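> Chain residues, written in single-letter form:
Number of protein chains: 2
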Amino acid sequence: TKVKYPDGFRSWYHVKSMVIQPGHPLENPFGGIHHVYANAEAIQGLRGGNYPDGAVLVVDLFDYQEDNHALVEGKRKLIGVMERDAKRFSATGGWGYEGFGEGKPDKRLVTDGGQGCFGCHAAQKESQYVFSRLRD
Amino acid sequence: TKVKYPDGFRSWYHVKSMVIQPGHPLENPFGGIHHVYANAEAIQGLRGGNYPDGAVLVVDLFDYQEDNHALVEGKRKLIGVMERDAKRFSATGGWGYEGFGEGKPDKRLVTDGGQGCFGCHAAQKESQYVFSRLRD
Ligand code: HEC
Ligand code: HEC
Ligand SMILES: [Zn+2]
Numbered sequence: 003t004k005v006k007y008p009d010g011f012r013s014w015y016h017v018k019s020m021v022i023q024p025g026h027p028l029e030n031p032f033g034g035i036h037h038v039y040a041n042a043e044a045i046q047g048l049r050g051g052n053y054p055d056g057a058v059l060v061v062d063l064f065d066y067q068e069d070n071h072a073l074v075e076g077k078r079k080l081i082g083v084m085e086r087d088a089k090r091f092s093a094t095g096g097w098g099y100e101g102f103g104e105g106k107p108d109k110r111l112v113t114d115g116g117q118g119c120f121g122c123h124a125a126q127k128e129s130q131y132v133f134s135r136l137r138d
Numbered sequence: 003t004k005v006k007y008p009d010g011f012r013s014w015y016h017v018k019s020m021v022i023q024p025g026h027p028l029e030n031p032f033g034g035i036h037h038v039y040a041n042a043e044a045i046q047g048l049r050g051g052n053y054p055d056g057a058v059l060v061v062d063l064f065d066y067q068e069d070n071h072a073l074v075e076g077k078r079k080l081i082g083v084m085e086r087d088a089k090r091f092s093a094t095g096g097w098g099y100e101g102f103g104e105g106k107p108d109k110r111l112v113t114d115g116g117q118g119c120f121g122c123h124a125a126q127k128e129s130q131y132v133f134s135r136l137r138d
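Protein sequences appear in the order of chains B and A. Residues in the first sequence are numbered consecutively from 3, following PDB author numbering. Residues in the second sequence are numbered consecutively from 3, following PDB author numbering.
With the rest of the complex left out, here is chain B:
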């Protein structure tokens, strides 16, 4: 019932990025430059398929330094992870939710079995609980 650390996620398909700046409703703790990654099975669901068990989405969050009108990636702050298993993660709509502080496998951030993560993703039920949209 624990989400697996997604080893090698940095080699996956880059879905999209976004910058969350101070004042954003999600600043604490989602502030920074983030990058969304999808493994092969998550790409099937992003394309309009059903998400197969074993699909994984990662959101990779960096601090940034504002220097002379550029935002430059600093240290990794954390990753968020969604792992598809319709049966094992039935209590959170079929996705297991975990955070890893600094992207480190032993820094688990989720303390409520992912109910809080799931509560916000629940608004996205019609897209199988995923916010991010596939773009060219």
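Please note: incorrect hints may appear among the correct ones.
Any copy, or any two copies together, can satisfy a pair, since identical chains are not distinguished.
Derived DSSO-like pairs: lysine-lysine, alpha-carbon spacing no greater than 30 angstroms straight-line [what the hints assert, rightly or not]:
1. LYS127 x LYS77
2. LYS109 x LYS4
3. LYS18 x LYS109
4. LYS77 x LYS109
5. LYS127 x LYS109
6. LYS89 x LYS127
7. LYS127 x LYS4
8. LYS89 x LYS77
9. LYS18 x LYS77
10. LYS106 x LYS4
Simulated from the structure, these hints should not be mistaken for lab results.
Model the placement of chain A with the ligands on the given structure of chain B, informed by the hints.
Just chain A with the ligands, lined up with the frame of chain B:
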């Protein structure tokens, strides 16, 4: 003598990202959110391995919108492309330089054989004319 359109570059390894905002000296035309991608041969050279001929780096440049203290990816502005061929592109340091407007294969931008591109990259001679560094 021409740089190939890098078909499928969106599936390649994501090296890094940066945001260039108004006031930045490079705002015209490099303003926006950009993502750097590297094919297998480029990853060899970024590793502290010497770039094989056939190495390709892509810089993918999006306009962004302000959305309540978030910077959100907008329309693609252009891609910049560096293709490695020590002999064919010897006049610009072994890299061929091309731009594609809106990332469209039919909207080639470079008119001077890439001498303008090369002139800015020349300051990176000690890293084989590549600015971007590999990161975790
Ligand atoms: C709202 C109050 C949220 C809470 C609580 C959590 N997340 Fe989040 N997450 C949120 C948004 C608006 C987005 C989209 C960002 C974008 O660039 O469009 C995300 C994104 C993710 C992702 C990427 C997949 C996706 O659904 O787009 C993952 C893997 C993710 N979030 C994980 C995650 C976890 C594990 C959470 C609890 C620790 C969590 N999120 C909380 C908004 C919100
Ligand atoms: C300075 C005056 C530049 C000119 C002219 C051009 N480019 Fe550029 N480029 C520049 C910087 C500072 C960077 C690094 C951005 C970052 O995030 O660190 C880049 C990056 C690229 C890349 C990525 C590979 C790399 O060297 O890091 C490519 C493929 C690239 N640029 C292509 C390119 C082309 C085709 C140009 C002329 C049309 C060109 N660049 C001009 C700065 C400058
Ligand atoms: Zn405000």
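> Okay, which hints does this one fail, numbers in order?
8
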